[PDB]
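Quick heads-up: it's one chain on its own, the form solved without adenosine-5'-diphosphate, in structure tokens.
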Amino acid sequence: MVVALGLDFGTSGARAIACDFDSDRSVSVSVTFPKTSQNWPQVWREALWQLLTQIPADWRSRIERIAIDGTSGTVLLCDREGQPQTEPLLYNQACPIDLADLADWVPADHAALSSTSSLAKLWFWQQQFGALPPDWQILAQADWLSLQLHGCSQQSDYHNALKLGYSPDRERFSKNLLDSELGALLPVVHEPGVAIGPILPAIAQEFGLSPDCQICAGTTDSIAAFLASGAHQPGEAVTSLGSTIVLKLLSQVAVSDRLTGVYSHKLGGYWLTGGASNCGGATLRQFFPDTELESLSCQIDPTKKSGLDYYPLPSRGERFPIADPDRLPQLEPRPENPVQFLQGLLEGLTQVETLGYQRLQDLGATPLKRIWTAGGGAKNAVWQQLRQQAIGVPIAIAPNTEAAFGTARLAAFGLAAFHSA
């Protein structure tokens, strides 16, 4: 019944989606980020006000809850007032630090043990600033942007906080990390979806929002994209068939594998696990454009195996399901008819998804029940036939894939659906 606002801040831009879930009606507005900037916080915040502005007044007067998802790993170093004291470290930027320095702050093989993690970037900043002031704070993109709305400093969610060192399984930072030099900069971690506080009165009156509107705890954009699908039962999974095949499986058990980068986000009483293969649509685009890809797909009969057996790597190295930094793209033997060649490629990608989900299950995750598909290859029915014959479960196109929609659902209902009974 709630009318909720989902704010999505991703890699290339930002999208706002407001939904009346009672009548199931929505409105969506967009803003495109520059290719690069000199003041990214300014870009993000201006994008925030711009998004709020593009939303109709009749909608804004009825928004009761707001949630924000941001890119994972994009952090900001700020004072007490939330003002950036240096350039933000982006999601894709790595830091040349020694992970052994973070050994006594998180358990072994923790997800925060990565050169691109928020914790590694915090330690990074600590190195060049020498001594970070105790009254300062580190804030993920979503954290900072929501801070622009509710004004409560040092507030984050246990999705963004995971790679900062948070342990969602025991729902805490280690006492070693809390009593460390970085502990004073750490945020208070809440569950994604819960109310942090009311919206700032000035902001509410300025943008014609209700002064009783609640600003909720945020999440990451990939998780929000998963939330867009609506899947909330263990064994349900979302497959993203984009440039790279990305699997996300909902399970009752947290599974992990550091060699393949597999970890688990907490999701209510459940866990969202998954992985990412280097194979994907990019390998297909190496041979055919999209139009030719379709033109050939319409001639493929998935019932009869091509006989070919490819591993559709586009380049050097494979992460998931099996880790091999020196594995070759096996796109041989390439045959006569490009139709059966494309069929072979599709069979390869199919095997990638299959081995992926089966491997996820083998690590202890809840057995697969069904697949919701997103990305460019989602509409490919032949590919879907190969997949749904190889996996063993029903496969359908995800009703919604927009991160902003999943974030709007996060604002409206939180993670309440992700519990036993």
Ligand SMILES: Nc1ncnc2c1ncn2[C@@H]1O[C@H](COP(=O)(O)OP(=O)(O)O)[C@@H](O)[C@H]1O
Given for the second form:
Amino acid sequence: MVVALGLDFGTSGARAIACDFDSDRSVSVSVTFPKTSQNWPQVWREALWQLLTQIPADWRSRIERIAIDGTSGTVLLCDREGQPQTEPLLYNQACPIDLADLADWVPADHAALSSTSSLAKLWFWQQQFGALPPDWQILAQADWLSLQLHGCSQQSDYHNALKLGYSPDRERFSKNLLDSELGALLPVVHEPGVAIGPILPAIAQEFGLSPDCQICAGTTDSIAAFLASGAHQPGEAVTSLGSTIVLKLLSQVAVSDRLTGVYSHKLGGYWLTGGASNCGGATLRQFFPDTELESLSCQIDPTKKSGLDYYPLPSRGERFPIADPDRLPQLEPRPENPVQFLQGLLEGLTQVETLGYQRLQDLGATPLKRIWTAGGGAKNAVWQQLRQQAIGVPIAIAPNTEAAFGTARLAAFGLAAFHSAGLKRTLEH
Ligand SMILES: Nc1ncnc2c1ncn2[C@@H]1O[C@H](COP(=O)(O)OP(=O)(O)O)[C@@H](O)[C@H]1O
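What's the form solved in complex with adenosine-5'-diphosphate like, now that we've got the form solved without adenosine-5'-diphosphate?
Time for the whole complex; same chain goes first.
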């Protein structure tokens, strides 16, 4: 097999992981971003070079494929040569545009129809600049960074391109969009993991990389995190028990529900759907520090219900599994015993995950087969028991959770595992 390099540019820093997949060995390096910047592109690019520099020379001489994940909806408006013409619009920033202005360019309830989408941001830039030059380009963070390595302009992947208006189901931008004032700025879209081009000669020599090293189409940090688990059978899921509960479910068919923010990414011959609740670990942290979560959790017997019926929102408003912007946290009655209170909370969170996966199924997704767990709550075995009892499928801690590692797997193996040849055997004599 191959020594491959994955680069993860996330919300607060970047990480690089190089893996020798025959020896199953690896090296990891990282850089931390400032909270603010006058020149984010400079920060990101310098981070890229820092990461490469930190990798030992002998590893660098062996890297054959490279891939990059970036944050979703972080975009840059660049000239022909890839120089940013204005500040980037970050993944979390929303644009004050009329979504009706986009209606002719994507299907109804397409995921791009959101004030934070790459498409919303390109349109905002169009209105702000008046008329965008056709030789210019819009690039996602991942796009721009890989451009620093392979020199090929206007290149993206069908994960990052989704919220720019790509329709992975028909593998195209709508003709209406391509023919519009914005068409000339759109990227050519490839499958994540496919080789875009060889590394730039000068970059290869500067950093001691093979000049035959290939740079692959990238992905988003969220998807990269899913790729880290190794899951590739429809029905397999990764639950992230973090500040919020985030569900990702591998499915044979695409599902969507704009009301609850549910949409699907293409993933080889399959689809990755999911959803994000406002409930999660942040609610727990409002009441208990991690050490207390531990010390109290081991006093809980999950085989006996608490009698408490909580909905553990950290504040007003729920998004998923069921949308209600007015929904109140339901945290009463609060019993005297903190152990029982914590059990009530864990039971509530468990209901959020249970209803979440069952909901995805009810929208048409492949029925849940098993769950891999990531995030701060993953090692809570009492919570794991409650979840297993409520959901009725095997649950375990994900083998790997690092987005950089998922992206390294993407560089090494692409999306080959995500096709029906790998399904469970049904052969019987
Ligand atoms: N033993 C535990 N059981 C349940 N939740 C925990 C435990 N330890 C930490 N957490 C929760 O994990 C959350 C942070 O998860 P993490 O994924 O590390 O951060 P983030 O979600 O912000 O990326 C915190 O809100 C904390 O309450």
